[PDB]
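Only a part of the assembly is drawn; its chains keep their places, and the rest are absent.
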Amino acid sequence: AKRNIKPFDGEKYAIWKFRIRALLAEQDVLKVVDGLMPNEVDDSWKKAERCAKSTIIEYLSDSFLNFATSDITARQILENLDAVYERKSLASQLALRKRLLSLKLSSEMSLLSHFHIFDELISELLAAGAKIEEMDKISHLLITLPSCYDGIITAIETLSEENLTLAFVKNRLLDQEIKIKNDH
Amino acid sequence: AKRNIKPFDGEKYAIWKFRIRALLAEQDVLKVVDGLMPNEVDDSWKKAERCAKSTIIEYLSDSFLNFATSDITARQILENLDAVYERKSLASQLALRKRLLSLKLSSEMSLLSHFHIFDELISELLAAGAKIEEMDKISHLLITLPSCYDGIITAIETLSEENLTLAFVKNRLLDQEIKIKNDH
């Protein structure tokens, strides 16, 4: 169907799963993976069962084709992929925290790009089962900033006391950014 | 309409066969390849045979169309392809096992390529008629790894208690590989 779905090669599994779910819902097939099992099978509940399986097999890389083996239903294929990939794994959380602590701003990349990278990494870490509160997100973001971003954040903690949100600090940081570039 | 199935060109026959089988099952046609030959043949079987033959011919390379030039049903076409490119040879099995047990991971060559090599070898073993169980596959993969991974090998073989699978072990080895690369 839609060719925008990159074949699943074991990376960014949540993105591939969301794309597959959206495409299945597009053809009125998503009900198979998350629905109610009828006590007896019907013709309507006979096509979507295998249509979803064929769709999943279509958008899978060659190595991962073993997840079906022509005997596992489409729901259970995704269930197995979930049990192997979207698992709350402590190793993934440690790796994500280690890489998060390594984020440093460089003059050769834009501030918005760094915001996007931070947001995606935070979302991935949240997917790893760990719980992060908004203030913890902000603190993780701030330690990445360089020394030039000193006065702005100090004013942030001193003045703001209740509007302390990731969106607000992002807005303040980006608004401050132009004053550095023209200053060099 | 599933264009992700690369037409067969004499290489990687198992994946092509699996994709073909999935597509055939999608269109309510695989029943004529797996099952029996009912004495009362009617339109339900004739149309299925015609659709299967058309799909096989379309998804085969022009040079490989010789396998279905004559009036041969899809079942015998698949039988011939199995007999020609999935030949059961015990000597081939022994040679494959000798080469697999001698496989080792080189420093300059990444874990993904080693995994692909192991996957193609195990696919050849299964094609050669050798019956290999998944824990045997896990053992074969772990014995061809350097000493730097010894710790995770011991941890997986002893501390892990759930039902081991190839993908899970591959994920853990990938995590160890990236951790080592950060270390080195």
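Read from first to last, the chains carry the letters A and B; within each, the first residue is number 1.
FYI, a contact is a pair of C-beta atoms (placed from the backbone, for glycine too) under 8 Å apart; a residue touches a chain by one contact, two chains touch by 3 or more.
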Copy count of the single sequence across the entire complex, 2 present:
9
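The working rule: only the chains that are shown with their structure count from here on.
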Per the centroid of Cα atoms for each chain, what is the distance between subunit A and subunit B, given in Å?
30
Touching residues on subunit A, where the partner in the complex is subunit B:
7, 10, 50-51, 53-54, 57-59, 62-68, 70, 84-85, 91-92, 95, 98
Per the contact definition, I'd like the list of subunit B residues that touch subunit A in the complex.
2, 4, 12, 15, 18-19, 21-23, 25-26, 115-116, 119, 165-168, 171-172, 175, 178-179, 182
